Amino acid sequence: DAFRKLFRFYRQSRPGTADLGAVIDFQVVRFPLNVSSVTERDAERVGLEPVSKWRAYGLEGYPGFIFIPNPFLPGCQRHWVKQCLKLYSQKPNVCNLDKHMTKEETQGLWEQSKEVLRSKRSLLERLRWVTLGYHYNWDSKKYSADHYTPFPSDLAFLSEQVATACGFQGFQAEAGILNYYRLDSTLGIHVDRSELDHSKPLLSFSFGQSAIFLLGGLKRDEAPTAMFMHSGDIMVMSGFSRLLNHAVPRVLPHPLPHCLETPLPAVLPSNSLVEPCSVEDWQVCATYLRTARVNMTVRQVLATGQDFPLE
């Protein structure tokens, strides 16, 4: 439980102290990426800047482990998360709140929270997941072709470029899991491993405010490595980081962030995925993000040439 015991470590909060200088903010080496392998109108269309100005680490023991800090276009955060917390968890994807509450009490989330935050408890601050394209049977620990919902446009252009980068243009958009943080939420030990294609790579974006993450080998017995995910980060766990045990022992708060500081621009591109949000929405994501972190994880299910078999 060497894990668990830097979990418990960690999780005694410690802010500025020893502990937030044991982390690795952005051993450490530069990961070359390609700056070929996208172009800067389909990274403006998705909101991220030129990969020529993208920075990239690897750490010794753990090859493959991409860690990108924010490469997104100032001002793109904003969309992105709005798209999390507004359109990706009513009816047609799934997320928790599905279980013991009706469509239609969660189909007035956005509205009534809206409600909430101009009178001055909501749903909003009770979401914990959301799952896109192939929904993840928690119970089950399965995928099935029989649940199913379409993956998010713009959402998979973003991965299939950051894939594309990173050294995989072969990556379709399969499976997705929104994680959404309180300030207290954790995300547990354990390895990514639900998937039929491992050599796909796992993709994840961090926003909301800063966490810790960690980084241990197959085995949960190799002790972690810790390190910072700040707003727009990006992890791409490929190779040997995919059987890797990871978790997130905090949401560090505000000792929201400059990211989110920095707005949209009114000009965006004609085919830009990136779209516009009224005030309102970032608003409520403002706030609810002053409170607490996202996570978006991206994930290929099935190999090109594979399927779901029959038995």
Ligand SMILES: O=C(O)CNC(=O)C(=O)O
Contents of the next structure:
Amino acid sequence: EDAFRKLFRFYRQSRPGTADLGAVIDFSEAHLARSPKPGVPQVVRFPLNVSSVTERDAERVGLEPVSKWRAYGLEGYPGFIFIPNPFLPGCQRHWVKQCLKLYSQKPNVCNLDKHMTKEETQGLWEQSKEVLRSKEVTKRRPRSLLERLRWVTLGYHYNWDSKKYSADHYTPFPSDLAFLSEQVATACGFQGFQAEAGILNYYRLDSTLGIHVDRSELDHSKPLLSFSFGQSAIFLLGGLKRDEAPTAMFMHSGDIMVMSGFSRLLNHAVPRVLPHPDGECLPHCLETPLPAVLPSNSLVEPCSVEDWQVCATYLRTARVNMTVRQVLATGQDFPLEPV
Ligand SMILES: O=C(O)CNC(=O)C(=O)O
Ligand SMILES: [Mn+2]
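Please give the other form, namely the form solved in complex with N-oxalylglycine (OGA), since only the form deposited without N-oxalylglycine (OGA) has been shown so far.
The next block holds the full complex; its first chain is the one shown before.
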């Protein structure tokens, strides 16, 4: 049991509310500049290029203007950037809706495809709307299609067996998510980001993600983008080798991580998705609705009452994580293959 497996095991069994979580960094309380607890790296502010993204562009994808964002770094982890929920009120609902209802559809790929036909999985969303609208409801029901969703891939579909990407397996990357990833990337000083591969993870309360580094992309000089919605997660950021002791931090609804530079190839994991403190409840930021009238040419779309019902009852016991990556260095193709 190395340092990483020790912290992973601990946080997986940790007791919410108690001092077990006292070392976990919480970037959403970092503006209060409370002094760091002994043993914990220091939270430093990271200055963004506030002029690099316009306010109407930021507003197209439901982002506050960059000037309103707070970004932080961690001493000891160069390149790591953490941006507490910079979404305009209600605008997380659109992205959540997209992950549950749109991105999970053919022609993207998801964990259900290996053993379920298109016709079996097509009804995913209607199935979940029907459970909500029934009086007979609750008879020790099997897990819904929505509830059996564990991953979705976009763009270049990551191959879980080979652990490689491939030009032969591609679905065009959704353009709203790509524009969102581009704003975040620019605002962090990475203009020209190519949103080429998406991996979406769907967590239940008992879900985990083990220690790994994301090294399957061909270009390691490019930042990895990570979005979080729903229940909060304990995230462990470690070192280049799998045994260095990691630093715990929270990832709350709307939080964004950007693993650039030296941090790009660090080991990390999520040992725990924490339930809401009152039980099965949304975080407060997800109770704000979308604006009545959306700007012109908005990529954020209106979310129906019936649609948000499904998302809200799902997100009470779940977390959704979107990661966006650039796969190919600019001016490079997947190598062709020799005879
Ligand atoms: O779930 C998270 O917050 C982190 N996810 C990943 O590391 C990943 O998809 O590679
Ligand atoms: Mn990862």
